[PDB]
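Here you get one chain, nothing else, as structure tokens; it is the form deposited in one PDB entry.
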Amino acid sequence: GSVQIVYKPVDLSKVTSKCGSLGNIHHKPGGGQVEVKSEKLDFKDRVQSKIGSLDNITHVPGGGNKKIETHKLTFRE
């Protein structure tokens, strides 16, 4: 068997965004309290967690466009 595979995708995509102004943004929350109490913590075998936190994230990009492509060609035998 003469397998012949041609993989030719053509891509001319625009992901654009215009913006006049981003303007005044005020991120003024209040204070908080987080209290976690535990004694035994046994972790193993590909674990990743978070125990007790407080975040004030202000993420203001001037255009936060994403483009995620994925080309996957799997061949077996």
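Between two forms, the rigid core is the largest collection of C-alphas that superpose within 1.5 Å. Residue numbers count along the first chain shown, from 1. First, how it differs from the form deposited in another entry.
- After superposing the rigid core, the C-alpha of residue 50 moves by 2 Å or more between the two forms.
- Core-superposed comparison between the two forms: CA of residue 37 displaced by 2 Å or more.
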Second form
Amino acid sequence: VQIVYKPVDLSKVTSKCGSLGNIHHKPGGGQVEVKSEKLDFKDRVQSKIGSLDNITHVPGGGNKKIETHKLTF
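Form deposited in one PDB entry already given; the form deposited in another entry follows:
What follows is just the one chain, with no partners and no other molecules.
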């Protein structure tokens, strides 16, 4: 049994931008109310309960390359 795994990746993920700006984010407050009793989180649990979040994200690039290589024998 002979297994050869040799994928080739010469790809390009790119961007160019002249001018990025004059970005205004102005949230008018607000009310969040959460009521619960018992929280039992067992395995690989990701959670957010009760939030009023404000996020401004302005990267010059922000490009992504995600890759998975899985070989199982």
